[PDB]
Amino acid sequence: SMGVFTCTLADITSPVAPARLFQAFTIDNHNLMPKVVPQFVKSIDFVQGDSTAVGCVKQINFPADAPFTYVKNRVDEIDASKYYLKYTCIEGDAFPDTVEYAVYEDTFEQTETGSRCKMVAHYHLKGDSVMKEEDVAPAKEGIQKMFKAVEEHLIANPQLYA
């Protein structure tokens, strides 16, 4: 349409090993996130499939607090060896007002300090749809807090996903 805005929703260096963060955020998040971060994630249900796999669809439901209610994420590519997942939001109200279509890539990279986690959004914008930092800062801030809580859980539970 008007174009694509690609932006980094999270760039987070962590002492936790990348295989473990990958499992927590992309593979087993439907179990972990409602337990560990209920203030950000009410529940996650499989709309299609019953395990994280290419083609599955997970619906993430946000608390009443949240400015949006839900998102349906279709998993299009998984490269577990590279700790990489790509999904497409096929339905939901979590978009910045002016987004026709949104694609996300969650990547975890091995570093010397531990991991570097990058979550990248590709926002396809409608005709003359203005977009500003204030439109994505709430998501950026919420994601950092979620990561913080998940990181602490994995530190406190060193064998989980090891």
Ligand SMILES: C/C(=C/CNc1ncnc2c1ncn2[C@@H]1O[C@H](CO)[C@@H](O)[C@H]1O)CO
Second form
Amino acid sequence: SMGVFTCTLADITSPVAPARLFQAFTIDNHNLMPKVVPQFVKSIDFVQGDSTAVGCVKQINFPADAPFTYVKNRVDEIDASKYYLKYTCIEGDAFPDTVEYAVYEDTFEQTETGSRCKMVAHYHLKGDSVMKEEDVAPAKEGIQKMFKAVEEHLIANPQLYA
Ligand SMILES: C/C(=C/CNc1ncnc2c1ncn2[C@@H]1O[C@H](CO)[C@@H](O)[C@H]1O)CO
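If the structure you just shared is the form deposited without the named molecule, then what does the corresponding form solved in complex with the named molecule look like?
Following is the full complex, with the preceding chain placed first.
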């Protein structure tokens, strides 16, 4: 309608190897996140499929603390060799009134320090949808805290996903 707003929701350099972060955040997150970050993720259930694969749909349920309750993410592309996953949010109440359609790319890049993790969002905006930094700042701050906890978990458990 009005256009597309592409923004980097997270850009995080980490000493942890990219293959381990990729597994933690995009492949095995339905197991890891409710345990390691339960203050951000209540549960993650498969509503289509039973493993992270192209075509599966995961429902992420947020704690009662949260200002919303759930999203459903449909996985559309995986390139594990490049630590890349693209998914589309097809349903949920985490949507601002401004966003008609949301597409996400999780990418992990090998560096010298370790990894660089980028999470990019593509927001298709409704008819004249004003979008402000304040609309994405809580996502940015929440993702950084979640990454912090997951990073520490992988440091404390060096063989997990290794
Ligand atoms: C109202 C409001 C709510 C807060 N939003 C979010 N909080 C946490 N993670 C999010 C969010 N949106 C998209 N993600 C993707 O979740 C995966 C795991 O992190 C990554 O792909 C992230 O890119 C602020 O705008």
